[PDB]
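Selected chains from the complex are presented in situ; the others are not included.
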Amino acid sequence: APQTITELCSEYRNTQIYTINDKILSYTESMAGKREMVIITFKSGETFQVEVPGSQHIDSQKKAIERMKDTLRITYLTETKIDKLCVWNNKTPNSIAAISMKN
Amino acid sequence: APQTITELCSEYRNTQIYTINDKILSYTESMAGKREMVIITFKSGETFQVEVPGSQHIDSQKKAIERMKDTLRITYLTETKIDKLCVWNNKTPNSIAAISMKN
């Protein structure tokens, strides 16, 4: 298994590490049908999503998708600095694969 | 996928953006049969619901409805300022589709 977010991110195609080093500026959550998703933005202007669950996801990802949304909300609310995001860059906005935080 | 709440809200009919820019004044939660719902009010006087799950909801929305209720409670309790709500205006009170918070 990978030992860092960067190492994990390299195990995939169409991914890149964004070094954020900042707390989340805005949190957006939708329960509208077909748009069950979370959107986060930063001071940098960069916007990121957790995608709507769909056929691009395998079973093992369903709970992890829910976990990521849980993490984004509590990260937002505690003003916790996110270190890095591993994101897929074939989606608009870029889609969150992994998150890291340092303290 | 949409990049902001406003953009997401535009992908639906009978929706409008309320710019709230305030913490939640009151939180009401019900486990009474056929009224399994949350109601939030603001200082502005405006009241909003998360609807009882029903036939107007698709399967993908069940977990998101529960998420929205989770978010409203923790938002309330932390006195977090809500920025915008995307709501359906063909329900009374208006029904929450999406929420945003800025920091």
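We just call them A and B in the order they show up, numbering each chain from 1.
The definition used in the following text is that contacts are C-beta pairs under 8 Å (C-beta built on N, C-alpha and C of every residue); 3 or more make two chains touch, one makes a residue touch a chain.
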{"item": "Whole-assembly copy number, given 2 chains displayed", "value": "5"}
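Basically, only the chains that are shown with their structure count from here on.
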{"item": "Length of the line joining the C-alpha centres of chain A and chain B, rounded to whole Å", "value": "22"}
{"item": "Chain B residues touching chain A - in the complex, by the definition given at the top", "value": "1-5, 8, 11-12, 50, 57-58, 60-61, 63-65, 67-68, 71, 74-75, 78, 80, 83, 86, 96-103"}
{"item": "Of all residues in chain A, those that touch chain B in their complex", "value": "23-37, 39, 41, 47, 49, 51-53, 66, 69, 73, 76-77, 79, 91-93"}
